[PDB]
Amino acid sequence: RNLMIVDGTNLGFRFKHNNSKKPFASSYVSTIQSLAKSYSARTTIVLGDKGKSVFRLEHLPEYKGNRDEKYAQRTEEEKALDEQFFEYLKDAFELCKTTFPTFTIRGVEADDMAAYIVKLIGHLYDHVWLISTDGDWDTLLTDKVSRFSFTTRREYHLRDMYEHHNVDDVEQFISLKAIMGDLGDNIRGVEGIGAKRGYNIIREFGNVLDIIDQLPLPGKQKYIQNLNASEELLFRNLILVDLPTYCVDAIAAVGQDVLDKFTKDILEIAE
């Protein structure tokens, strides 16, 4: 028996992506049930995102700021379609509650919570299945923790780190994320360094922290020059993308009491 952890909001947008007019609350849940069969899920946990992340907002006030800009600029009609989807997702989350243990902790991202559950109880099962189309969840990948994306109908294991992410392991992936940056989340990275260039730097000098010890890096390239002057940026990004290391801190940002209750609830489920 395995454990299945669903990235609820993500799955929601997938349904929204398929059709932005149709109520999706039933299929949403039935989809999770068919899937639970498929992966011999003994325990299935659905998580949703409620509010911005307190942890990352503290370390970067402009965290996901662009996503607000995108809302401010939408027409009256698009903003309304947005609200439709959001009410439909809340509905989806309500119906879920009648079948699978569901969770929303305002100010806590689903990924920080997914990482906590895996940490907390991942060992009580044979395999853990992460249901998300978000590859950043791949920072949780191990030989007992795999991901499943609907947009591709694919499965992601650790062996697949390179083809899917341009790095060899979870730590290198975090390093790349910290060096490279993350456009969608509005995280600035070193100017002139992307997946391939970043990877070649990590493969030669190692993880971000190791690279910090080593600045100035030899190389007359401007992206290198840039790299040598981003010590601070790297420290910043690292805490923002290092999911497995900062997940607990991330849940406790909303309170030691909320952390304690999330814990009791998880363990009782995996019992």
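Positions refer to the first chain, counted from 1. Throughout, rigid core stands for the largest set of C-alpha atoms superposing within 1.5 Å between the two forms. Compared with the form deposited in another entry:
Only one of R74, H123, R106, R188 has its Cα shifted by 2 Å or more between the two forms after fitting on the core, and that residue is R74.
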Second form
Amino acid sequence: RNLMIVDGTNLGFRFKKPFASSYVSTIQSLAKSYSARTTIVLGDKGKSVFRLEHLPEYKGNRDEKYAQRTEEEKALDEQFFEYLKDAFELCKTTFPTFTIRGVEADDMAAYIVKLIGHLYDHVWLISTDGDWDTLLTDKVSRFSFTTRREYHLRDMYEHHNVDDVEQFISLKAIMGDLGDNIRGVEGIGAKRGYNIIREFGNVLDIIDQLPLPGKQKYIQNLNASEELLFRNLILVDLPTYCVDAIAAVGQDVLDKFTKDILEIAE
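Follow the form deposited in one PDB entry with the form deposited in another entry, if you could.
Nothing else is written out below except the one chain.
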């Protein structure tokens, strides 16, 4: 009776020897565990056109690390990606399996939840990515193979130091993301960020009130950061921008994906 959506490239890193059969078996076990009536496997192909258009430096740190690999280190990664390609090929014989050049799996997942989540009792997201918790609701949860935790909306403070999704999204916008090369406001950690949000509202409401009262240096920093906050919200507000992120590579591509997903449902 549930929907299960797999962050498939993310799951691939469990194995990072062909692993296609093992990969598919894992997904089957998961589908059983989570009573999945429907399982959809997603993968990352290329780079996020939507986010690179807004921030050319997006994941630039990761690109730099890839560029500094030796030829032999690179060849090994290519092998992993070949085995992963084979895993997706095999997976496609068994489950609906999607990749879209220039679109992050994150955006595809967010869109699926919005489009068909209402037809299922519960939605289970299979991802180690905390970013995916921007999708949590009373009927959408996440499972992580690295931490072994099941992530629920009711436990958002335990996991993310905020009480709800709106706050989570705003906190990410304020703090940025070191891993993905998104700059944050200097001097604002999770505590101060949560406190700011609880006082002034979400990031859009914060922007509307700049400059905010307060003599502390982090407030002065925040007051100077209108542009950064607005841009960051676009980069991190996965539910708001998922449709735009897909449409970035062509409206026709989005239309095909919609058609494909609606076919799977029902």
